[PDB]
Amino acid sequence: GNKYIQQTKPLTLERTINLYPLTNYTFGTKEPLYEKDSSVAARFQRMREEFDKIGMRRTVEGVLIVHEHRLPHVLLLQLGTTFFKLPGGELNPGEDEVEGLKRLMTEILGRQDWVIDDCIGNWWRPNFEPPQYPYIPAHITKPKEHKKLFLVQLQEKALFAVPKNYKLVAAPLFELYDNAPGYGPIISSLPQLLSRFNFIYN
């Protein structure tokens, strides 16, 4: 004759994420962090050299979200007038994805004095060329890079240490949406990839 109290709905169906105000977050400076590749030519030469040695490049990137006036903003690292990146980078062979992303974000943003429970997408680079796709194209059996994106939940407050040559910016979703010319195909589709989340604006 008993009834059961119903379980919290699956996190697959409704995923809630706490956001905090932009003003909860601050940065201090650290020494500059220079890009591994000094040009487009060097980038693709290194990708080719490493592909021959260790196979497909495995990149991981973190999407950290804050709000201002109840609108989500994604944290980006500005390196040039039109050059923005997510905090992340290249995994070492054998390295766990999530543990690697933790290492990489400590390297880039780690204060000098991470909660990663959510995969938000995957992108693949079929050739030693710029184009990347959110799927493996037909008959591509050996992509040259696989990029995996994760949502990194921030604490209520945090201090970041930012390499001097980077500017830590908070981009509102309307800045990113349908703005591949400004931010590229991955960052510009973050609004779509974040749309399923139930955000709490603390």
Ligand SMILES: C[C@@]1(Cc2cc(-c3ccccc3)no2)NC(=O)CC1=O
Given for the second form:
2 protein chains.
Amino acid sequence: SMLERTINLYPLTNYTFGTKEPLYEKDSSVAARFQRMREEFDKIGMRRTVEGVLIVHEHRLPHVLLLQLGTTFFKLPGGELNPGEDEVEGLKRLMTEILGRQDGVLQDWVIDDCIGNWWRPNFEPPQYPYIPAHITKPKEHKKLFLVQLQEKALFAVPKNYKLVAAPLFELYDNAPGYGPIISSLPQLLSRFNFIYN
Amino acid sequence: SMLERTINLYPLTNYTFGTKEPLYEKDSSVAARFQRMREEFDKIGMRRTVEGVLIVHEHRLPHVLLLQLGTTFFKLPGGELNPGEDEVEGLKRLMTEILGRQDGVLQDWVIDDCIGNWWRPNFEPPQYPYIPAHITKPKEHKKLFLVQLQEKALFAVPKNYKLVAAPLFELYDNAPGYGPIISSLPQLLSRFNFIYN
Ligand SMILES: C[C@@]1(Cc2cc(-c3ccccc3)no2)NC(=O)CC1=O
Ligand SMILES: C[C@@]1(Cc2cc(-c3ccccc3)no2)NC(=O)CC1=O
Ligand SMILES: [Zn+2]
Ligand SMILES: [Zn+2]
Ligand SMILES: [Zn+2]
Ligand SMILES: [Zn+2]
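Having seen the form solved without this ligand, could you give me the form solved in complex with this ligand?
Zooming out: every chain and molecule, the one shown earlier first.
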């Protein structure tokens, strides 16, 4: 009857958030983003994106680490796989790129849980947790993984981003604030047995 | 990188839906429902409810089996555990009670996946996929399980219910139609690798 995965959470105060050089997006606008998505689809097919969910707590209240581009959109650490790249090795690479330390000490990322899939049917913003009706060639597949943090870690945040610890109640039913993926993280995390260490 | 659970789905046409005597709710109204919930909380503490998600497909389109009380509210097969009752044995008991055959042939329910948790903080309708802030004594804990169906099965539907096969797109973002639990099932099922048999 214990069919739940057990996940160790540690206090937000256990983690050190340093700073490093800005990390710039490949697209300077939504228009460019969808242009490049069109160009790559015609060369190498469906975009494969991976996103990591990193959880901490304070006073046994779970928080998801989000990356805020200045004071704009919130995103999960993650991004685009290269063609032929393993999903898990790819997320470890992208999370090292985004939050990895300047002193070049290896963070040990542990990824043992897929927590969802999202599909983009067109070169447009709408994404669904399923392939919609009549769609044979989705333009993007996004896969979310739960990342088990070590007890303590040093993270280097690119100077152009803020790292925010978002409590679940704030995500819940707040698609306008966070979009349909991050806003459904409370539902997607409810199945886990969190230890508050 | 295959961290997904693999789930066999079969066609809706593989399953036989017979009929049996009505199965009446213990509460004749929302008011009675919350009254009885108050009375039991003071005797035996937090209500423990279990709900099963049974999935089929037609033409590789996944459908969740819902029970419609006449033409009213949609519910998952499930209900209240007795004090000291195992969650999994309890859901098998409740699903036998609701959909079990009249000829008293055993359905073999396979339950290997928790897909979420919901908490009712007050004797009121609101439920959250987490224990809300300042709540030490939640009044109900609801646990959802994915039920792996056999290739073929005979189900006996109580005459006062309809068994509806609901496609995911219809559930998605339709809390008004289905409430916050069923409406978030597409997100909660997205992590599974469905085989369409
Ligand atoms: C190639 C790369 C690498 C990348 C990831 C991030 C990033 C993701 C999440 C939070 C903060 C930063 N910025 O650049 N460039 C892009 O424009 C998308 C992408 O995958
Ligand atoms: C004790 C019991 C048994 C039960 C379950 C169902 C039922 C659930 C889902 C779909 C269709 C029918 N109706 O009665 N009586 C109640 O009033 C709640 C409960 O747990
Ligand atoms: Zn504390
Ligand atoms: Zn795909
Ligand atoms: Zn077919
Ligand atoms: Zn509980």
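Here, rigid core means the biggest group of C-alpha atoms that superpose within 1.5 Å across both forms. Residues that one form lacks are left out of the comparison. Positions refer to the first chain, counted from 1.
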- Query: Does the distance between the two CA positions of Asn92 reach 2 Å or more between the two forms, the core being superposed?
  - Reply: no
- Message: Using a rigid core superposition, assess whether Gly80 undergoes a CA shift of 2 Å or more between the two forms.
- Response: yes
- Message: When the rigid core is overlaid, by how much has the CA of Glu31 moved between the two forms, in Å to one decimal?
- Response: 0.4
- Message: Looking at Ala138, what is the CA displacement between the two forms after core superposition, in angstrom?
- Response: 1.4
